[PDB]
Amino acid sequence: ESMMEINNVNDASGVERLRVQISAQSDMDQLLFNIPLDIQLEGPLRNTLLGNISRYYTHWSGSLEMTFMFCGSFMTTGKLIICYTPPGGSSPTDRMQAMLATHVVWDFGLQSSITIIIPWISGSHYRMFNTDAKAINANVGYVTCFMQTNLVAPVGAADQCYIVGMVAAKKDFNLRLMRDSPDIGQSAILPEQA
Amino acid sequence: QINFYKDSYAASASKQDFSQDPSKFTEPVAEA
Amino acid sequence: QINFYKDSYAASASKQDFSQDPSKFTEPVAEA
Amino acid sequence: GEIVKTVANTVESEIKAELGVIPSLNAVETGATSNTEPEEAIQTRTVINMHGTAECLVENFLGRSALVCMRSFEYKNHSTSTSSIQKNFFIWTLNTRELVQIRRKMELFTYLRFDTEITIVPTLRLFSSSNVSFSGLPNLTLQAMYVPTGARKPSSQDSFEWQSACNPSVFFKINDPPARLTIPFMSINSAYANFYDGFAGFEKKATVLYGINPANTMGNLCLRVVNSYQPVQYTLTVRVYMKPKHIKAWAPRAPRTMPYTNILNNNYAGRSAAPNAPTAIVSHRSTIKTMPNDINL
Amino acid sequence: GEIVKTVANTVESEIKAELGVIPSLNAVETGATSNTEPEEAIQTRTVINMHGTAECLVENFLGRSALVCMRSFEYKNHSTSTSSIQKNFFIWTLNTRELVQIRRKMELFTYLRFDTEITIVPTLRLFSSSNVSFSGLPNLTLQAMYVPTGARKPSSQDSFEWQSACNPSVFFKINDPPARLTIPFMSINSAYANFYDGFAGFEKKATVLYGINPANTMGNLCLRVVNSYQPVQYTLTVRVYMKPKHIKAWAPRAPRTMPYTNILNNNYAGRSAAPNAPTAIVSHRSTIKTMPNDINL
Amino acid sequence: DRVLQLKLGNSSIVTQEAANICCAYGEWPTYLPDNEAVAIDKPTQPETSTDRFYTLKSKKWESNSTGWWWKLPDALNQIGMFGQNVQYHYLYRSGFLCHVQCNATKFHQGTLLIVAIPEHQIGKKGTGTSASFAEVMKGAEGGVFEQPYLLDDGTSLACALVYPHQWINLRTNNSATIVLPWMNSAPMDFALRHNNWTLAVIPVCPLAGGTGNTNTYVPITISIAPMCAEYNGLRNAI
Amino acid sequence: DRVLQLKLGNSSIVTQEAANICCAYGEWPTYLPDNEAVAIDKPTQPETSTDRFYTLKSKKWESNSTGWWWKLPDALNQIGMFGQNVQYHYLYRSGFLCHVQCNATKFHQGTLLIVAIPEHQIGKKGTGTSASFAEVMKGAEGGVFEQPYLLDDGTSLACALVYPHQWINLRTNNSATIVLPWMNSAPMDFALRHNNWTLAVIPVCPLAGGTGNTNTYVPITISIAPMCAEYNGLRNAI
Amino acid sequence: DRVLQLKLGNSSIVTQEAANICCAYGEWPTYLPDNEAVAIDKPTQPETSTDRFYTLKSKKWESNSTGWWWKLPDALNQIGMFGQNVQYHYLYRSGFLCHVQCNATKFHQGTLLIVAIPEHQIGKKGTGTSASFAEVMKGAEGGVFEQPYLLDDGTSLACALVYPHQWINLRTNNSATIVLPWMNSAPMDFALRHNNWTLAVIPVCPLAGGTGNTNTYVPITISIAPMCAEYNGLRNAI
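Going line by line, the protein sequences match chains C, D, D', A, A', B, B' and B''. A prime marks a further copy of an entry chain.
When we follow the deposited numbering, the leftmost residue of the first sequence carries the number 50, and every step to the right adds one.
When we follow the deposited numbering, the leftmost residue of the second sequence carries the number 28, and every step to the right adds one.
When we follow the deposited numbering, the leftmost residue of the third sequence carries the number 28, and every step to the right adds one.
When we follow the deposited numbering, the leftmost residue of the fourth sequence carries the number 7, and every step to the right adds one.
When we follow the deposited numbering, the leftmost residue of the fifth sequence carries the number 7, and every step to the right adds one.
When we follow the deposited numbering, the leftmost residue of the sixth sequence carries the number 11, and every step to the right adds one.
When we follow the deposited numbering, the leftmost residue of the seventh sequence carries the number 11, and every step to the right adds one.
When we follow the deposited numbering, the leftmost residue of the eighth sequence carries the number 11, and every step to the right adds one.
No lab work stands behind these hints, which were simulated from the structure alone.
Don't be surprised by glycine CBs; every beta carbon is placed ideally from N, CA and C.
Any given hint could be a false lead.
[What the hints assert, rightly or not] With a cut-off of at most 30 Å between alpha-carbon atoms, the simulated DSSO-like pairs for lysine-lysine come out as follows:
id : chain 1 : residue 1 : chain 2 : residue 2
1  : C       : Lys-183   : A       : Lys-295
2  : A       : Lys-82    : A'      : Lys-22
3  : B'      : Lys-135   : B'      : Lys-70
4  : A       : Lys-254   : D'      : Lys-42
[What the hints assert, rightly or not] Each pair of labels, with its calculated beta carbon distance range:
id : chain 1 : residue 1 : chain 2 : residue 2 : range
5  : D       : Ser-46    : A       : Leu-143   : 27 to 37 Å
6  : A       : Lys-211   : B       : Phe-200   : 41 to 51 Å
7  : A       : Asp-182   : A'      : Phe-177   : 13 to 23 Å
8  : C       : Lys-220   : A'      : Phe-177   : 29 to 39 Å
[Said to hold, decoys possible] Now the stretches of chain B'' that chain A' is said to cover, found in silico as 3 or more residues with beta-carbon under 8 Å:
id : stretch
9  : 60-74
10 : 96-110
Build out the structure end to end from the sequences listed, making use of the hints.
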């Protein structure tokens, strides 16, 4: 496992990017966050062991797992629904569609974390670390999180809570074609003094 | 592999090591 | 064939495949 | 599937006037090809034929080294009063469509699986500058670097993408025998498709082109002169020859008749007149009763 | 440790509503990675997967020839009206840190033991002097001499340290195929350390630098043009490519994200903005609910 | 036990505060046996595109809420390939697994009776005219109890415990699960005109909290999974 | 023989003037084997709501008709539960049985070549720009050959007999049947962006009649049955 | 389980909210084998005066704390007979058991990543000069992360989970235990100039509370036990 920068937003700096911020809603069925599954492009999964190491390769196959750990209070209860939508269309914005896809409902409790498997659903044996996100060979789909009931916290506990997302490969994971990583670069021979 | 020299370290790559124990890193816990 | 490398795909041509089944294309009919 | 090394032998046949037996008649509408034998259409003799079939095997028909690319660039100092970039390199996106002989041979089949052998043949010359003695051809060291899709490309001769720590790169000289290596079968699918009736993207716009196969996002070959610029010019031409190995072919095709106009599609403009015009593939004769090469005595 | 040539197969699973069995739940606080199976999180089919794992083996991931050094010097007469020293040689202190691709691959592991293969690729050119015909590239004989630490170094092309009676030296020409040899595993320890949290000296002063590993006092490569100076100039560039063999790696690492600024330490200045800024490694999106590459129809 | 996981097709629901699984009348949905079948045409059994959790819209639990009901299959007749097998087929048969979700703090109090009523014919108060099609068929939106105390009928909520039921008492529970078999006098039914299970969520004890925990936004969410669904009479969509 | 009956699900096609059944490349559609599968999620195999004859619109055979093509699965992507399993699923795999119908009197003459072309990439005449999405994806309506003589490609109609083919010669035949297996380099495909079989109906010899039988209204009808269809990647409809 | 007791020598630590024991890379500290030894002089193995829990100073967990690191053996090089065997001996070898303590109410929220990094070379921001002896060697006092997001290095905190790690999520846990073996390329090392494990405590999710539970004084305490410690090269104290 390794954390994803789900909160990869301009206003977030440093460790604020590794935690998604969850609050009690005054509405219902609301989307909380999404995750672009684009390993190749600049997304949450890039700065991961899966992302860094796989990016030394060009093709991949296999199931992934996302583990989300609730970092609230023992008194903060809630239910989330995390959905993985195979590619083909827009990323869901309504829980009434996201649930039609692969999903797991997550109830908080003594077990702090939930794992959703992103199943290998591909026509081809392998997919591509391609520059084009929207190519049939590259795109994996979308991972979305919605409120299932709500986040409920008593007065003495904070209304604001953090979820930490981590991603990893399963034992069916394969990486095939090796390449120089685009993450690290060089314009001159590294000197003895900067 | 293959070698045309006396020294064992001069030999070609040893790429036949398919062992895996991710439990060293994925389940490094005393109690299962 | 012949190969001087570990990888099977590095080998020379495989030209010993004399099988023929034109019926796939000349008689592709369910009933003879 | 029977084994066929030698073509069929011919069996002896005699006169025949049997009822209910019409071998020369058949029904083309079934989609089947005539099964009429020479033996039952004419009177034949016994012929033991020992003619081989090895040289029509797809391994031999396709397994010949064929030019797929020919790029040239000027090997000189490209630095100006403004830019320092050196540009004694070319980048080629790999494909079997820039040259028609190899292209059409392998559009004879819908799907092909083959490990491919690449031979790189470099040639130099001295550019005919205003005043330059032909002081010989240097033995330059070239670097051909395979850049898989998604990897960062070199935009200069001096770029540090040329480490090729991960990318496979081959260094060879002008005077040495041509570079060679075997690229495996790399499609994310079980075979390469020479034709793709679809779109490589999930979006509908015009920018998503018809016929582009996502599995044929085959990467790139970047070639460089490792030697830095000489005081004088040279035109380096690199011919890349490609040889399918261990071929496995499916679903034969109607052969191409129109000329190819590009590599992104199979569109055609055609000849002005026959042969190989859109309205006339075979050249003309005056009448269906005319012999263009009638034997006259 | 089980043998894994092919990735795991997938087993068929049916509906399940059992009490006391919560496979998708787990406890990250234990430091353990989720053991949830695809089979018990979704309904799966039986998949017999034959995808190989050979190409993620550390022997293959690291066992690729990678540029570690690129030095150039002017091959000419360096003797002046004062000094006779000839200086058509360079001395390189060996390290895997001058080039980032190889460096970062092998900072993925704390400790590495590998016998290393060095390939030396020389290239000449003719310097663009005020007036010089390009009279070709000579086939010079080069001498690469490994100088172990504590041995006296050559400070000239004509020095007599170049006997290499004990020091291993390899003589090769420009036109010949690039020089190659295998250096063994030489650390006074059981493995090379890419990171050293300590000081290589017993003294406390500022001159004893942090991160310098005493066991990585790896010696030097001195390279010379054996041929004495020609009447005219040449710029000799030597690229050294290094290939770990028989690798054995320990304790994987958090991959480097910041650029390297030097070889003596792992300090960083970072990007001005994302990607790979100190405050932002991954590039931005407008909101956590935003799809930068949403598919629009 | 209390921790439970329900894996149906794509879907997977976990709950760490469960009472148990209620199997209505001790049954477990099965496919139609050959000796009980009537329609001779071959049925379609998708088995993963229908037999999965469909999560409906959430309801807000007020301190004055009367209760909610969802009618099956009506609630799912437009949701997913389940709805599109219903629309394209004259005949329908399936069981349902209904999972109700309601969380609240340990400082909150409340009690929901989750009842699955068979053939819940809605009787209406103060009128001799039968319930209209609109007032009965609300679909995924569901309906609201005018008279929970009589179950929108001349019956009583006290005696509603004959029916397959579970409670969500926020002390003990945040989720209730009921497995509903095929409950009909016929081996099939036209799903667009007859509902065989009514899932009713009725507050018996109001949601309440102490100083500062009053007026908390506590939703109630329904997830329904068709079980062993099969369709017959393939025709055009209706 | 000539008399043939095709019974698939609800459907049943009879023909008393048939040539034979053409099985493309000698294959017969099968479900995806476990050792050839890639997608781990469990597939849905409806087996009767999809695997049935879908009869498309009829085309009028003029004395000057160039020919028609229908692309698969495109032609069926909106027809029946087949289309609604395609829409709700990312992935698709099936074979097809294509039955072409054309009747005429014994006084009429004509010949149709019914070709099933794999990966029929349409090349276009007089332009370097590739065929647009609209000009390729016409669905149940199908398309018309600008250049039947080149198969809307740089190829030839003469050599089109490599492909699985049958003729409708009105002397001998009024119907042609071709069985199309799964023809792809992948065990599945996204049905909305890639077509694997192009069914082409091309008049080689024009429809003609004698005095009084000229200008007869002779339609051409296409019936296509998905075969061993299975879908994967269940999600929302697209 | 969650309840754990660690008895080492004099010491005994109990915790009733533990996650588990993390054994770094699956190892358990052992004494140096004869076939791996280098130094011929006989080692001293005190076994109770060193192999015991040494509790270091506590750190205050603010809502804005970046994180803390303690380097080993540096942190213990002056504490007890462990430090006095290090001072009087040139050579050192031991493993460590690190136990981190952090309590808070059930109304508090927070998350600490407790990482044991091998050979954590501290890279410094905005300067080409290497870290000084003082900025690296802080001993029992420990150090503070300028850049936890990069681990005071060009690496990332996201990928820090390669290293032996545990979390203290105040919902689930108040203590984390990591067993650290001997992690070096040499069978020994000079303890005063090289550190082989860096124990880092990094808040990923800030400590926070609700009305009245804000700004609570929540310390973080480190207890480290040398394990199978042995020393060599007996000389005068340094």
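Hints and how they fare:
1. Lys-183(C) <-> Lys-295(A): violated, 59 Å
2. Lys-82(A) <-> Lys-22(A'): Violated, because 71 Å separates the two Cα atoms, which is more than 30 Å.
3. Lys-135(B') <-> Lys-70(B'): holds, 25 Å
4. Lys-254(A) <-> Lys-42(D'): Since the Cα atoms of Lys-254(A) and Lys-42(D') sit roughly 11 Å apart, the hinted pair holds (cutoff 30 Å).
5. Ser-46(D) <-> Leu-143(A): 27 to 37 Å: violated, 52 Å
6. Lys-211(A) <-> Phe-200(B): 41 to 51 Å: Since the Cβ atoms of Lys-211(A) and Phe-200(B) sit about 44 Å apart, the hinted range of 41 to 51 Å holds.
7. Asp-182(A) <-> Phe-177(A'): 13 to 23 Å: holds, 19 Å
8. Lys-220(C) <-> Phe-177(A'): 29 to 39 Å: violated, 51 Å
9. 60-74: Contact hint for the stretch 60-74 of chain B'' vs chain A': violated, 0 residues under 8 Å.
10. 96-110: violated (count 0)
Taken one by one, the earlier hints fail for this structure at numbers 1, 2, 5, 8, 9, 10, listed in ascending order.
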